[PDB]
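Next come the chains, spelled out residue by residue.
6 protein chains.
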Amino acid sequence: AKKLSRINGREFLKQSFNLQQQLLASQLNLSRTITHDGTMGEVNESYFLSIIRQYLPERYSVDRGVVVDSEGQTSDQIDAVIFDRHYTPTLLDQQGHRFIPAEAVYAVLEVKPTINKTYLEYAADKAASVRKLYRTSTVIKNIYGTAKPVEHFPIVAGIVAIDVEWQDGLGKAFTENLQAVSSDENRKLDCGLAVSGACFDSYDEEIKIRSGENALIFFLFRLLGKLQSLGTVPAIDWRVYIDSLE
Amino acid sequence: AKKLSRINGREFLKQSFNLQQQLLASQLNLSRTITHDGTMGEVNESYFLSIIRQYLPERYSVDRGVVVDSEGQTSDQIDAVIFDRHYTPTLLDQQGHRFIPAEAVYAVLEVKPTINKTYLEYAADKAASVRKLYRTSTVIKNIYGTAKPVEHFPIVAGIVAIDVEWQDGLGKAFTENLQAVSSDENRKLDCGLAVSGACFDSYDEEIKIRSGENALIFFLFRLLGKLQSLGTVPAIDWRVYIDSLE
Amino acid sequence: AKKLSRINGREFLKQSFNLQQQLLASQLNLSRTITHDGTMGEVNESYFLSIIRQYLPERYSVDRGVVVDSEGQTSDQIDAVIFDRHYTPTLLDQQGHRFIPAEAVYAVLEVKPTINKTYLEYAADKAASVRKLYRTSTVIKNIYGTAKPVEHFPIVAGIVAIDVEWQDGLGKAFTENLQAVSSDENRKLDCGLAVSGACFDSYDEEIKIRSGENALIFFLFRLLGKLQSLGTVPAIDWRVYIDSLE
Amino acid sequence: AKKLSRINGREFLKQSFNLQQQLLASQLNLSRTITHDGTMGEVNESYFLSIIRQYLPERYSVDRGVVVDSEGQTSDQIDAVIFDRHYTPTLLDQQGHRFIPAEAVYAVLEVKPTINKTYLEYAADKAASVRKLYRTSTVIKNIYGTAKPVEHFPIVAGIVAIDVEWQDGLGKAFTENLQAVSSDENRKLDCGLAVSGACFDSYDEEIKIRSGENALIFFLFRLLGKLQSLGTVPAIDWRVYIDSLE
Amino acid sequence: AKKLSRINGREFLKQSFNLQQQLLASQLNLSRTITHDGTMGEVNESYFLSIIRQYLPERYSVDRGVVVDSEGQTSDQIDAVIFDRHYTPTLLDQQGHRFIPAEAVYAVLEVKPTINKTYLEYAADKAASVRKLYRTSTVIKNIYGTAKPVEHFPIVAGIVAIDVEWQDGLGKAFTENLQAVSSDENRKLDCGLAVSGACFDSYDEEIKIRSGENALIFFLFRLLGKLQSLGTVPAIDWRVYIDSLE
Amino acid sequence: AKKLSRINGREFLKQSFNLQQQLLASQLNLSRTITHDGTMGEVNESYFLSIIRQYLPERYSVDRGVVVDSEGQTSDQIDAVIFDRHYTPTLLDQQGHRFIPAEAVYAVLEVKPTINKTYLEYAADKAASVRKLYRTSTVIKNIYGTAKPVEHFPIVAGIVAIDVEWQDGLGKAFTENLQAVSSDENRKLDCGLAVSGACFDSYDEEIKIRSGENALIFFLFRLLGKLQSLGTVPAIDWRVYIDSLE
Ligand SMILES: [Ca+2]
Ligand SMILES: [Ca+2]
Ligand SMILES: [Ca+2]
Ligand SMILES: [Ca+2]
Ligand SMILES: [Ca+2]
Ligand SMILES: [Ca+2]
Ligand SMILES: [Ca+2]
Ligand SMILES: [Ca+2]
Ligand SMILES: [Ca+2]
Ligand SMILES: [Ca+2]
Ligand SMILES: [Ca+2]
Ligand SMILES: [Ca+2]
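Chains as they are written, first to last, in the numbering used here: chain A, 1 to 246; chain B, 1 to 246; chain C, 1 to 246; chain D, 1 to 246; chain E, 1 to 246; chain F, 1 to 246.
If you're looking for bench data, these hints aren't it; they were derived computationally from the structure. Please note that a few of the clues may not be correct.
Heads up, the list lumps identical chains together, so a pair's fine if it works in one copy or across two of them.
Each computed BS3-like pair below joins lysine-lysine, with the alpha-carbon atoms no more than 30 Å apart [unchecked claim]: (1) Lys3 - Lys141; (2) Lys172 - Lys141; (3) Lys141 - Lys2; (4) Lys148 - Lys3; (5) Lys2 - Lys14; (6) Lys208 - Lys148; (7) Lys14 - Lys3; (8) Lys172 - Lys148; (9) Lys132 - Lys14; (10) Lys2 - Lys148; (11) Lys141 - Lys14; (12) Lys117 - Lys141; (13) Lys132 - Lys2; (14) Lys148 - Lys117; (15) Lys132 - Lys226; (16) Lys226 - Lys148; (17) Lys172 - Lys2; (18) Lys141 - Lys208; (19) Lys117 - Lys2; (20) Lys3 - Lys117; (21) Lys188 - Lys2; (22) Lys188 - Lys141; (23) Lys14 - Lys208.
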C-alpha cells in the first residue's frame, strides 16, 4: 500500500494529465502490439479521440472520418479531425464516420505506431490530402452589422504515436527529418505527441521539444494556444455545395 | 445484387442526402397513410425533426412545442421550431414539449399531408401565430464593449409535406396561391419541402423551385444560407418575463 | 379531483417555475431532514444543479467541484459553479467532480440548510476561496481582427437554502448581516434563494427581496440578467498552466 | 414564504408523485387549451411519455408510434406504447416514431382531452387496432434448457386525459359506459388516468376508482402490478417477418 | 521518455485497473485535502461512483441517495448504492439524488477519509440504517409459470477510503475492530477498499486482505462474485407502497 | 418529383431495411474507395456497428475491440463483437475500444472490401483468434434456486463487405471456398453480408443464400434467430481473472 499524505492543486493537475498519458500509452501500445505494428489493422485512435474531446473547449468537435470540399474532392481517411459544428452544418453523418466540409477543419492528426521517418512522411501525406482541398469564406452577420469574409488560416497537422524510434528521441535526426517533411506548406507537421513521453511543435516557429511525464499536458495546452490563435472557422459559402446539382 | 464500383465525394454527398430524403418520404407517407391524411392523428413530425437537427449547425436547436412572449401570449402548437438555446434560457421544459420565448425563434415549419391551397393556408396561420408575438432586444456585452440592441429579423416560416397535390407540381397555380397567402408579412411562407421531391423558397425575393432527387439537399443548404443571413437572436430583456409577477 | 378549465401562457409560465420550486423545496428539505441539518452529511445539491442547468443558456455549464488557478491554488469544495466550457478547456475531469480553471468561472453558490447568519458567513467564506484565485486574460482573435484582452469581472456568489431562519424573513436583521458579510469584495454575496419562497440580490446595488410563489422564477431571471451583463469569460492564458512544469 | 419544518419518507413519496401530477396537469391542459380541445392539433403526449418512462422498470420501453405484425398489418397511430426491446429487435426506427412488432407490446394508452363517452370510445378503437394484430411465440433457450413457447397475454389498454367530463366524476354513468365499451375483448379499456386527479382500473375484475392528490401514484403502482403479472413478452418467431420476401 | 516495448493481455488488464486505482487515489485524496479530512465538506464520492458503474454488469445501477421502505422509513444519506432498476420502479428521482425502494438494494458503501475505527463505525451505522428497512417479496411470473416468492438476501455493505490509518495496515487491530463492528448483522461490513492499495472482505467467512497495486481489481472482481451469488432482487409488492394513501 | 400514393406495413418494413442497406453500401463503398481497397486504412466499420446496434435487442451490446481470456490471451483486433454486458463486467474500457472477456462473446464479424477467397480466409483467421480463447462457466443463482453451469455455445462468426467479387456472386466457387475455410470449427464462418445485396448463412446446416434488395433484412432476422438459439452467455468465473495477481 502506498503512503498517501495530501494532494495540492499543482500536484493534482500534473497527475490528472500524467495518469491519462499512462493510460493512453497502455491502450495505444496494446493496439500496436495486437496489430503487429499497424500491419494487421490500424492502431485504434478511439481513446485518443476521447481524451482530446474531453480536454478541448466545446467550440471544437473531434472525430475520425473524411474531409470533402465543394469541388467534390476528398482527403484520405483521417484518424482525428478537430473541426467546427457550431456554425458549419453536418452532412448527415454520425459519430465515428464523419464526412466533413473542408471549411470546418481546424486541425488533423494521424495516429501511427511510432515517430520515425516513414511515419512522419505518412502523417504529412494525410495532412496534404486535407490542406489541398478548397475552402470558401463569406460575409458574417453579427451584432455590429456584417463583417467582410474572414481570411482562411493554415490547418494544423500532426502525428500521435506510442513512442519515438530514434535512440536519441526527438533529436538532431528528428528535427532534420521534420524540417525536410515540412518543406511544403501542404505537408507541414506542426506538432506531435508520443505517449511514452515526448512532444514537439513549431508553433513559435522554432521547434520546441518536451520529454517525460508532462508530455501530454504540454501537447494539449500548446495545442489549445495554437487553436486560440486561429479564431473561428470562416463562414461557409452554402451555394458551392449545391451549385453542380440539378 | 447491385454492381458497385467506386464512390466519389460528389456522389456520396448526393446519396447521403437523397437516401435520407427517400427515408423521410417513406416515414412521412406511412404516417399520412395510418392517420388517413391527418384526420385520425397528426402526421408524425419526429423524423423530420431528427434530420434537420442533425444537419443544422449546433448554434440552432430544433423541437416541437409552443412559443410564448413576455405579454403572456402564445402561438398555436408548432410542429418544428428552429431556435436559440445558447443565449436564451429554457423555461423548464423538456424535449418534445418546448415552451419557447419568442425572442429565441429563427424559423417555424408546419408538417402537413400535402402541399395544396388548404394546407398552405394552415401553415401560414401557424406562422402568423408566432410572428404576432412580441420580441425584446437589449444591449450586448462583448469583447469590444457593449453593443446597442440588435434589430429583430423576420422569422422564417415554411411547410413540409409528403408530396404536392397539383398535377403540375409547384407551378403557376402554386405560385399564385403562395403569392396570395404571402400577402401579409405575418403570414408569409418563405420556403417549403415535399419529400417526394420538390422544394421552394423566396429567399432571393423571386420564387425559386427545385424538383427531383436533390430536393432535400437544396432545401437544407438554402435554409442554412437564409439562417446565416439572420445572425444570432437579439439579447432577451430578462425583465419583461417577470414584470407582472408579485 | 381538481376542476380544470384552461391554462394560459402567463399561468403556465408561473406554474412551470413554481411547481419546480415546490419540488426543490421537498427534495432539499428531505435532504436537510435526513442529514439532521447538515450535520450527518451535506445537503444534496444535485437537484438544484439540475434545475439551474436546465434553465440557463447553453453558453453556461453548471457543476460541483473545486476551482484551481495557474499558481496551483485551490478554492474550497464548491456546491455549484456556473462556468465556461465553450472557450476554456476541461482538466480531464467528469460530471460531479470538476477541477475548474478560475478563468472559466461566472458564479458560485453554496447550498446550506437555512439562510441565517452562520450559513451566510459560510457561503461568503466559500465565495472568497474562489475570488482569491488568480485569473489571466489574453488577446482574442475574432472576425474583426484581434481584440485586446478583456477585463475580468467580479465573480457572482450566493447561497441556496431550504428556508429563512429569521422569524421576519429577509428583513432588517438579514440586510444588516448581509451588509456586514459583504464588507469585503472577496466575501460579497450578490444573491440568494430559499426554496420555501424567498430570494434576494444586490444586482441593482440596493438589496431587492422577493417572497412567495415566484421566488424561483425571480431568482433565475434576475441571475440571467446579471450573467448577461458580464459577457463571456476572458481568454485564458494557456502558458500559465504549464510554466512551472519540466 | 412557506413555513417548512421537516420532510419524512411517506410525505416525500406522496409529494414526489403529486407534484409531478400537478406538473402533468399544467402541461396537458396547456396543450388542450392551445389545440382548442384536440381540434387544432393533438394533445402533446410527450411529457406523459417522459414520466411513465422515468417511473417504469427498465425492462419496459415507452414511446409513440405504430404497431405492425408479421402479416403486414398495422395499428392506428398510438400515443403511448409500453413494449419490450430487451429481447425483441428494433425495426430501424428512432425515438418519437417507433414501428413496433406486435409481439413486443405490453400496453397501449391514448391521450385525449377528457374522459367522456366519445373519448373512451376513441381510446378503445385505438386499443382494438393493436389487439387485432397477430402475435407469434417460440421456444425459449435458457439456463434450464429450452422452454416451450409462452402463451400470449392480453395487451393492457387505457386512456390518459386532463380531466373527467361527467359532473359526478368517474361515477355510475362512467362505469356503465366503460362496461359497454369493454363488451369486446379487443376494445377493453383496463385503466385510465385523469391528471386533474382521478384514476380507474379493472385489474381486480371489479372497477376500482381513486380520486384526488394520489391519482398518479395509484395509477402507476397499480399499472406496475398489472405489468408484473404478465411476465416477459414471448419469444418472437423471427421467420415470420421475412417469409414473404424474395 | 519511457521505453515502451509491447503490451500483453495480462499486463493490459493489470494496468487498466491499477491506473484507475491511481486516478481514484489522486481524486479522493484531493477531496480529502480540500475538505480538511471531511470536516469542511464530504469526500466527493462521484468518481468512485463512475468507476464502479463502469465496471459493474448493466443489471446493476449505481448512485447516491436515500433508501426508503413501504413503512415510510428512510435510511441515512448513502454515498453509493448498488441497486436494481430493471424490475423495480424509480420513484421519480434523477441521477445524483435517488430515493430508492429498499427491495431494490444489493449493496451500500460509505466513502470516508481513511479506514480507522471511527470511520468503520460510521460506515457500519450507515449500513444498519439501510438493513433495518422492511423488504417485500412476491410471486414471479416467468417462462415456466409462476415461481414462489424469492427469499431476501442480506444486503452487502462496505467502506471506501483514501488510505488505512493503522501503521500496520489492515492487520490484527483492524480485524479485531471489524470483528467487533460486525457483531450485529445489521452493522456487518462485508468489504472495503482503500485506494492507496488495500482491500478486504469476508465473502468466504474468513477475512481476506490484499494490498498493493491490484487492490482495486481484487475488490471489484470479488464484489462481482459476491453479487453473483445473490441473484436478482425479489419482486416488490406494489401494494405496500400505496396502502396508506387515500 | 416521385408520385407517392400510400405506404402499407409490409412496404414500410421493406423500405426501412432496404434504404438502410443502400445507405450502408454508399458509406462502406466510400470508405473502400478512399482507402484504396483497404490498403491505405481499414474500411470504416462504424456505420455497420451503428445499424446492427440499433436493430439488435438490448440484451446484446455491439462494438469493436479485442477479446481477452483468463489465461491472459488475446484475440486479434475485431471489427464487430456482439457481446453481453448485462451479466458480465466491463474491463474499464470505453466505446470504440473494448477489451472484452471471452465469456461475454456471442458473435464476431470482420468488415472487408469484398467477399472473395482472400478476405474469407482473413475473416476466418479473425474468428479463430477469438474462438481459441478459454471460457469459464459457473453456477447460476436464480428464482428457482441455483442452476448448474451452462454449457458454452460456439461463437458465431462472419464477414461483412461491400460486394462479392465472383462474377456469379455467391455461387459454386463461393460455397466450395466457404466449405474449405469452414473445415476447422475455430475457423467456421457461419454467415456473411455484402451490402450490394447478398447474404449467406449455414444456420440450418445447409448454406442458404439470398440476393437483392432484402439482403440486409434477411441477414439481420436470420442472425437474430441464430442468437436466440444460443440463450444468454454462461456465468463468468470471477476467480480466474484475478488468480495470477499478487
Ligand atoms: Ca460544388
Ligand atoms: Ca492510423
Ligand atoms: Ca411580462
Ligand atoms: Ca402537422
Ligand atoms: Ca503556473
Ligand atoms: Ca453545502
Ligand atoms: Ca410475414
Ligand atoms: Ca391523442
Ligand atoms: Ca405502505
Ligand atoms: Ca462520505
Ligand atoms: Ca487468470
Ligand atoms: Ca476490417
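Here's how the hints hold up against the structure:
{"no.": "1", "hint": "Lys3 - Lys141", "result": "neither (59 Å within a copy, 40 Å between copies)"}
{"no.": "2", "hint": "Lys172 - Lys141", "result": "neither (49 Å within a copy, 35 Å between copies)"}
{"no.": "3", "hint": "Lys141 - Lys2", "result": "neither (58 Å within a copy, 38 Å between copies)"}
{"no.": "4", "hint": "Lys148 - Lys3", "result": "neither (61 Å within a copy, 45 Å between copies)"}
{"no.": "5", "hint": "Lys2 - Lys14", "result": "both (18 Å within a copy, 17 Å between copies)"}
{"no.": "6", "hint": "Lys208 - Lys148", "result": "between (35 Å within a copy, 27 Å between copies)"}
{"no.": "7", "hint": "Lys14 - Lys3", "result": "both (19 Å within a copy, 21 Å between copies)"}
{"no.": "8", "hint": "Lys172 - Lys148", "result": "neither (44 Å within a copy, 39 Å between copies)"}
{"no.": "9", "hint": "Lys132 - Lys14", "result": "between (38 Å within a copy, 22 Å between copies)"}
{"no.": "10", "hint": "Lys2 - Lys148", "result": "neither (60 Å within a copy, 42 Å between copies)"}
{"no.": "11", "hint": "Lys141 - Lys14", "result": "between (42 Å within a copy, 29 Å between copies)"}
{"no.": "12", "hint": "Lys117 - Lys141", "result": "neither (46 Å within a copy, 35 Å between copies)"}
{"no.": "13", "hint": "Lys132 - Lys2", "result": "neither (53 Å within a copy, 33 Å between copies)"}
{"no.": "14", "hint": "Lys148 - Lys117", "result": "neither (42 Å within a copy, 41 Å between copies)"}
{"no.": "15", "hint": "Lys132 - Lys226", "result": "both (21 Å within a copy, 29 Å between copies)"}
{"no.": "16", "hint": "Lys226 - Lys148", "result": "both (24 Å within a copy, 17 Å between copies)"}
{"no.": "17", "hint": "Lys172 - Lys2", "result": "between (40 Å within a copy, 19 Å between copies)"}
{"no.": "18", "hint": "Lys141 - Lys208", "result": "between (39 Å within a copy, 24 Å between copies)"}
{"no.": "19", "hint": "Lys117 - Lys2", "result": "between (41 Å within a copy, 20 Å between copies)"}
{"no.": "20", "hint": "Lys3 - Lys117", "result": "between (44 Å within a copy, 19 Å between copies)"}
{"no.": "21", "hint": "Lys188 - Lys2", "result": "between (45 Å within a copy, 27 Å between copies)"}
{"no.": "22", "hint": "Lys188 - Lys141", "result": "between (33 Å within a copy, 23 Å between copies)"}
{"no.": "23", "hint": "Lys14 - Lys208", "result": "within (20 Å within a copy, 35 Å between copies)"}
Checked against the numbered hints given earlier, this structure breaks hints 1, 2, 3, 4, 8, 10, 12, 13, 14; the rest are met.
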